[PDB]
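Take the given structure of chain A and dock chains B and C to it, following the hints.
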Amino acid sequence: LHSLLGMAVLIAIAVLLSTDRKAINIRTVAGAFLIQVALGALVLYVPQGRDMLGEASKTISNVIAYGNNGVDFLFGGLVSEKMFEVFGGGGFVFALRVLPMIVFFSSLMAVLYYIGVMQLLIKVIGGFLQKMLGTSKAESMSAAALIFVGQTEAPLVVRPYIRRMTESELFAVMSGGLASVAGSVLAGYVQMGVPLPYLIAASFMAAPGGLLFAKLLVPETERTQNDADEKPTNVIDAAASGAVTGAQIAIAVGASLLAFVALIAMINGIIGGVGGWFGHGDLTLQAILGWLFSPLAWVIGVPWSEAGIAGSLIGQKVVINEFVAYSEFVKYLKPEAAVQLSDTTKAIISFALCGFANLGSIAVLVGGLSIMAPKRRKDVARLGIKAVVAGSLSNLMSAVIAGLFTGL
Amino acid sequence: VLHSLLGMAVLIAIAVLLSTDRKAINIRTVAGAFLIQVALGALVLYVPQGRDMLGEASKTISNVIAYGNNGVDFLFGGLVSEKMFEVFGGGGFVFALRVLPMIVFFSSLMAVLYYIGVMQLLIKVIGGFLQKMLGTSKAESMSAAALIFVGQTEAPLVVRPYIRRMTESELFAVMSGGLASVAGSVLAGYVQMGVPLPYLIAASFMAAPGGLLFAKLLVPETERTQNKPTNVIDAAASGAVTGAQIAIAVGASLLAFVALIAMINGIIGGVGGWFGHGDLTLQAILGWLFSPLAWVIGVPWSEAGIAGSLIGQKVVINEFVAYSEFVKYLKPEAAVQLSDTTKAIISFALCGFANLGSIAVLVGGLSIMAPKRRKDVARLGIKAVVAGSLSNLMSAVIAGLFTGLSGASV
Amino acid sequence: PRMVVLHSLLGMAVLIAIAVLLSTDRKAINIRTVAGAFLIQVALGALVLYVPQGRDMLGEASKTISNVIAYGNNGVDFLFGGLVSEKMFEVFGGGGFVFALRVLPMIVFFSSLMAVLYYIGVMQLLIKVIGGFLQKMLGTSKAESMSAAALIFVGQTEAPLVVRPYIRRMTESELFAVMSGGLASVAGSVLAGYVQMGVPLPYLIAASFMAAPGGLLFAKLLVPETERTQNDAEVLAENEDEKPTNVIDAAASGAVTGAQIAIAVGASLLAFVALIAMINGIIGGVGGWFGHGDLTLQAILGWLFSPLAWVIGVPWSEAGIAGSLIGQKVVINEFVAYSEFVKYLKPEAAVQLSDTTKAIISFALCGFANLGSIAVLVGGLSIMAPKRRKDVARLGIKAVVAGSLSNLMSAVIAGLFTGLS
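For the record, the sequence lines run as chains A, B and C. The first sequence begins at 6 in my numbering and counts up one residue at a time. The second sequence begins at 13 in my numbering and counts up one residue at a time. The third sequence begins at 22 in my numbering and counts up one residue at a time.
Keep in mind that the hints were calculated from the coordinates and are not lab data. There's no promise every hint is true.
[Stated by the list, open to error] Cβ-Cβ distance ranges computed for the label pairs, FRET-style: (1) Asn252(C) - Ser379(B): 31 to 41 Å; (2) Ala347(B) - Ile390(A): 53 to 63 Å; (3) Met197(A) - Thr32(B): 57 to 67 Å; (4) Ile418(C) - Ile275(A): 37 to 47 Å; (5) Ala347(B) - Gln196(A): 24 to 34 Å; (6) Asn75(B) - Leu257(C): 55 to 65 Å.
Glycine included, each C-beta is placed from N, C-alpha and C at the ideal position.
Bound conformation, chain A alone:
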């Protein structure tokens, strides 16, 4: 049971990373953690919660299905099975397979707000969170939305509060957003791994976890209030509007992804460029990162042997989109691999890589969020990397909780 120990190590890291340890609201953070693990057992181990989890996952499976239908229309056969039949795994085309679902969830989002549904669920859940852990209404709203909808799409509803909110609340939105898995990305993994309820629970663990680590860094200052044109006439107006918005957002995202991935490749090339000089060549950044996160890899309860690979994967997770990490991941889960699953390590890696710690997500959030409040730009971007580490640790804590329920 290195799990609790691991948790301690994590929180220790937070403190080390924390700006102010004296301002920490324990009534907030401890409660958050508590809630996270509580929900964890709730959906997973004890109280037959896997049932409502199942109905949920089913429902959402149908959602993703619908989006997939629309896409099947717009892009025709390029998303069909024949692509696999010819190209194989490469037949899976992320651009077509995933990014449009941003448009879908954006539209759906707008629709619900026109209906008043998201209003309700956000009001309720955010109400609860704010009640127990005492964080401000806004950040609660955001973290609430993050469960259902995606990080990309989330900031659309915090806009009246953005110019208003403090450094702290802002950083909370940033972090929670990063750690969140919903909407686009959810469907994304479903297209590949498809472990629906795992990702579900990952979301429900992510949001308050984000809240947790966000308050372990920039806990509190002052307070905030609500501040009130072009508004949707009918449901269709909404649908189309949110669709377009989501579209150009998606384009942005794509460009970003291409960029960063390519850049990291460039960095490999750099590393090799120095190494072959230095006589010691053929060195991969992947291995470097492996060594780097290795202790951390072990701490969470991953056996050493497996911890090497795991650490590599996590390095990739931070500096590259989670999907690449996933690629080499299943490259390990495929047979003929010296590494084993251990029937724990697999699970604990899985949850860990669910979120977005990728720098690309910084760029996205910080960018758009800057567009909504250009005066806060410098502030936002200052906190990007911190936020990465935070959300990272959120997914990681979720993974530790998984490690807990691995045994029996």
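Positioned in the frame of chain A, the structure of chains B and C alone reads:
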């Protein structure tokens, strides 16, 4: 057939019913419009020389479009080639790659033409004819004359000086014809979708006097009226780009709408599943709803069941979703076979921008042009949609009349 | 080899002459500067295209850039999966090469990259150095120099931003020098695009490095300096903050920017090509009467610019073709030209082009000079200096001509040093 005259009478009547002042109308005008519309109707769809001319037009335009697909073939490469069909079958047709680029191309082309001054001339002419026969103001005349060809963002270039000073009626006219017509872009799109071209052409020319018709029926004029690119290459570019962002917006819009409709039909499937309807679909509902109106226009009941659904999808969602479900029936492999006059009536009744979203579009864009009247715009609101819809409808009835009267085709 | 070099120098003399003919004031052309530029251009030509160390630097450059491009392609591979794989080649054949998917993304990438390298401060440095050299030898203004230097790497994508404080108040000759330098320049972004299209990389590199001083050359030949330059103590720069927050934000901003650029370019091409097919249709049809219905725009232009093509050293046999291509460059743009150029490169071609010609054309096509780029200048500069907008629009055509001539001279040089190797 008398049934047609029934349709006409009914529609016109409905227009009258909604009028602000029924006694304020100018008979010379509205009857002028009606008479002109049906005149064109016969002219293109009845007389042999007419259908010949129309056919030649269709060929020419199709050659244009062909050039478009040539450029397309360049950009996306073999992804549009034949090999795709061999591989994916009917799924080898990729809506995005096949269609939207034509929005691009035509946007560019139209920019070019508007620059060179061709459209200037044509708009001048047709506008002239209209104000001559209908006694419409030069502003609204040129407007309706223009809305045939151009559209989307480039459409209100000619009306922009008048708008702020433009009357309540003429405004609603621009609104109306704005909705009734279609841009050349989305038109070509439709062609690529497999939609019959000639009928599209005819409808496009029918819109303007139809638009003016119902505009004047609903809101007559009680008050008196009045009265940048460098070189060609650049113009072509700007047109292409503008068209591109338009295309993107369209694609996203369609994806959204489709997926949503699927989701909703999921829900309704659930609800009606209580009574034992798993076949319950919003489609079927809408069809059941407009079925009477679907019949009035001259569609046989058996086929009116579907016609209602399609027209419905036009109204509540859009034209693209509609045509997308319509073209399934035109394919040879299609189970259900349809009457020719049905194909006609539908194809015409579906040509127009009249829908719910177009409201928002008008409001926003025109507000950007003349925000002072934005209140007036929203105030009018759906009345415009009604007008355009009815224009498309009357046109469709005419179509059914003559196509049913002689031969037509597929 | 006698007639080779003779004809080359002849061409040089021709271009320069035509320049002087169109000059505003024939008098007061500072020779030190113009001949300096000329000699620098031909110098670099001698460097990369002839002497071994030159080709060492150039070869190494090409390799490096190629690797960068490979990284970008790794990114592309990420997004579009199998659609970029070899399967598309084997299944779809030549049609398996998808322009949109295999080119524009590179524009995205290099946009990001150049943004980063600009952020870290590398570009500012290189610019400052090279422009230092240029202002030193040529005696031109600091502004002009910095501009022409910056445009070797970042083209119309990002504003030069080095001249932002200088633009408003700079003179006609400086303005026109920036304009010209712009049109002759090639963005780093659009470069890789050219590359993937099958265009030879080294020639591109060389073309750009040659381009900057060439732009300066014909700028000064057309519009000599009749007035005082600016002193850096005379200026308020402003322009605080704006786009980049940090290296991340940099890579992103560059990414998105490059994206919408790429889209714009895509639609641009779609339209242009289709329109060309259309016009060729018309010309064919009408031409059916006089007996040639195979007549095209390509053919006409080739039948037009042929003499010039000969002048720069292209043989008469290949003249019509070369002139065709360059024609398309002038009246439309570069992407179109290269698009039909590469068809002569593949070994399966129905036509064999001499190495010398291949080089010549390869260079003569490198630049943004066209009739379509004017507006870009106009607007882009108008934002920075609205009062000068009229002055800009006055100079557009002339600038087109300048950059054109720059590219031409560079091509000539190439043609000389190829026969010498």
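Hints and how they fare:
1. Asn252(C) - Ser379(B): 31 to 41 Å: 49 Å, violated
2. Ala347(B) - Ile390(A): 53 to 63 Å: Given range 53 to 63 Å: holds, Cβ gap about 59 Å.
3. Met197(A) - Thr32(B): 57 to 67 Å: 59 Å, holds
4. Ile418(C) - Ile275(A): 37 to 47 Å: 45 Å, holds
5. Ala347(B) - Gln196(A): 24 to 34 Å: 32 Å, holds
6. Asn75(B) - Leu257(C): 55 to 65 Å: 58 Å, holds
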